[PDB]
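Only one chain is given next, in structure tokens, and it is the form deposited without the named molecule.
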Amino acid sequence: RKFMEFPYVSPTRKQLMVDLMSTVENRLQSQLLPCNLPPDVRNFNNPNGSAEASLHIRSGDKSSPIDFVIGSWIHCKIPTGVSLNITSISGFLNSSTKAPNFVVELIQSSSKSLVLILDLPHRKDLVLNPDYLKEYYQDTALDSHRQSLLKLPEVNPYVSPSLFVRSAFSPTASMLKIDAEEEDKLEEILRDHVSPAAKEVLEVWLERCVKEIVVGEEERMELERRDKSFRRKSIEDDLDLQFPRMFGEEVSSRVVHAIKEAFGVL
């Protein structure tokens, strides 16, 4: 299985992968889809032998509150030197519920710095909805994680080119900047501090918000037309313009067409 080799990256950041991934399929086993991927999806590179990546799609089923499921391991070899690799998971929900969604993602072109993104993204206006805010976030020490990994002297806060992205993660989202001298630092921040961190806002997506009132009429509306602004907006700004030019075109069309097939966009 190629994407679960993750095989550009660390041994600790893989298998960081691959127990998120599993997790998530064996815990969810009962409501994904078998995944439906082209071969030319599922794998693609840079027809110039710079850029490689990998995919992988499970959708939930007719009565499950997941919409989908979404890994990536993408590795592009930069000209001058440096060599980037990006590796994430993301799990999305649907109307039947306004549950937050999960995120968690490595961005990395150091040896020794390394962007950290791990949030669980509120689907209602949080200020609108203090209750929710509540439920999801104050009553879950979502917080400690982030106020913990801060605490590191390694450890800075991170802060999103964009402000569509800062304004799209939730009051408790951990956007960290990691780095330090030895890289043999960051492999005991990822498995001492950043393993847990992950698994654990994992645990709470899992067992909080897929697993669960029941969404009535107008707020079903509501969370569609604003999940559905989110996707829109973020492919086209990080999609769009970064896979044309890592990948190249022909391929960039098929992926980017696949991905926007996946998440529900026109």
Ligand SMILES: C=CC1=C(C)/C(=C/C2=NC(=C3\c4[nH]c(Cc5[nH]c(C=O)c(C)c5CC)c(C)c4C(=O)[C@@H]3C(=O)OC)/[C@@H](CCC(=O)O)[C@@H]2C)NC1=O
Contents of the next structure:
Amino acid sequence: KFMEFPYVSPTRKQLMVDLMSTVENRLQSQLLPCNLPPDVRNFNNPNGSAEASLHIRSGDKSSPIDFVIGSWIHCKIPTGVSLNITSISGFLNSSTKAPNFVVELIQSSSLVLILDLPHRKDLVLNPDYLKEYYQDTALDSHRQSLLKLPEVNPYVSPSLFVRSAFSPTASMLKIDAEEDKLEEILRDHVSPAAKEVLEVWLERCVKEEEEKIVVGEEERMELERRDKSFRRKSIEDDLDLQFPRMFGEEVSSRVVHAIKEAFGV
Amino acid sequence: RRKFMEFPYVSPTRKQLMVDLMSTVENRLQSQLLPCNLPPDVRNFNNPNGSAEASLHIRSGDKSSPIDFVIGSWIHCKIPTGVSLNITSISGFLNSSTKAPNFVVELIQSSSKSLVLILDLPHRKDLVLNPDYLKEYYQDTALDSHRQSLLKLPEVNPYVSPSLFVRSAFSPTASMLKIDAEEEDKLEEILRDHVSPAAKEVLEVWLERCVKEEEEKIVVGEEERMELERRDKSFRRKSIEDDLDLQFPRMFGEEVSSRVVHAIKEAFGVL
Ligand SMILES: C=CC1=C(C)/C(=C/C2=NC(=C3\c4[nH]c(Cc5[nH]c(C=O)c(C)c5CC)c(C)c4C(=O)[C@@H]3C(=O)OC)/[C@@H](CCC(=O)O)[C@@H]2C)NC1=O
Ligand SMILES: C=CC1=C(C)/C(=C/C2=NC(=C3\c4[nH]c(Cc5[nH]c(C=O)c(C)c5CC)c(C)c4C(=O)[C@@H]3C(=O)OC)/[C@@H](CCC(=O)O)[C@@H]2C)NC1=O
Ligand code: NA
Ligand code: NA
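To test you: the structure above is the form deposited without the named molecule. What is the structure of the form deposited with the named molecule bound?
Okay, now the whole complex, with that chain kicking things off.
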């Protein structure tokens, strides 16, 4: 269990737990046991400059879920600075068309937040999917709400892919600053927002009893290609050239092997 | 009784940018632009009461040309609020004989508070599915530089549209900007010193890297061709039934709208 969240702050560490828990609970009926070798559920750099923990529960069949993943990456920058990442991502299989789920707190020095329900179909070709999963809900409210905060501004990634892989309502934020209020921000706004978002994913994207015969060979293969494309790109950009570094060639390869396998790539 | 290239109600700087822009297009694509065949009724029109006045300019592309058609326009309208709305724009649309990006530049001044600028090379293929399309037309270029460059200016800020559709229909490098204040004096400087160069450079990459002659002998495969067709349909469809279908009957009265919306839907090839 990576539920320890060692290096993070209590407030941050607390959000990750509530979030992860809700996930595993509201979904027990459809999630399988974590079947990762202890060698992957927890790993670090030989020299001890970086430690991490992974948690991956795959979905049962008949279930709309492909798999879920939680993790925290703690590293020590040779510049004396410490990088700490904590995330939770939900991936759906092609038996469903509904958006995925992702929340991430990223802090190298301020703090970067990523909260969103990643669309799984082209929104320009499918104007109805846009209406169904984003207009109707209130995903945009959470983004705008967080914006009002003075020490909170829009975060635009250096990667164009990242920018396009996220939905129009996705919350990509850079919260500048000074513990004190930061933790207040997390507990009073971020968490409420993050939990609300996850809420919509569960009750409207995962839970369901409508999809008879729907999603035919073509539309379905469409999804598997797009999901595959996305999953591969993101692993080649975040792992392939960032892991051999943080934990040495020995580790990465085996951890990235597991992941690429978990991701079907 | 104003012509398209007259741009009556806006300012000199804005008016000049729109003229330079449309002319560069017309001059640089002489070889493949067909002349405007819009009836007088559609080139220029207004609401019988005098509240709204508009001018349209559409040049369809010849066959063998990668161009669907280019359209230029300006809408002047006086809101029951006592305030006036002015929109000027130029869009370039490519047909299925190519996969290359489209082109758009729009200036929108609803209130006397802010001028909204929309400058982008709208993508025509899904970027997550086609990462190479993303690398070819966006990374490789310097399109994002225009966006962050213009953003440094204190008076300039991000403009996030009420419409989720609009938010997705644009490329990640698009410049969706909200330019501050009515400090006429400084506004005119920005458009003159920054927006103009930015737009002409953007239009420049469209002309020489999306449209550009060279070996245009590249045939869009059978299935890629159909996707483009479908996605272009969807986009145009949405775009018109959102901007025109809900706003025109209001601005110029049912009589004119149906006439101009009909001409537009025809040039966009929709049903
Ligand atoms: C839907 C799921 C996901 C999305 C959308 C996602 C997005 C982003 N991750 C970044 C980063 C990142 N991620 C990880 C972990 C990780 N990545 C994957 C990918 O498949 C997996 C499975 C895992 C778990 C093992 C590390 C170690 C790490 C960085 O060092 C990097 C970062 O913070 O640098 C400052 C950001 C790129 C930077 C940018 O904005 O230009 C970008 C925001 N990461 C997702 O997991
Ligand atoms: C590739 C081409 C185009 C793109 C991509 C495009 C995008 C946008 N137009 C908006 C608007 C808009 N457009 C027009 C004219 C017009 N629309 C079409 C559509 O097919 C045609 C053919 C024409 C005739 C030339 C009017 C009158 C009008 C508004 O009142 C509205 C606006 O700004 O209100 C403040 C924005 C809505 C969301 C927002 O507020 O951010 C959004 C940014 N408009 C294009 O023309
Ligand atoms: Na703010
Ligand atoms: Na600025």
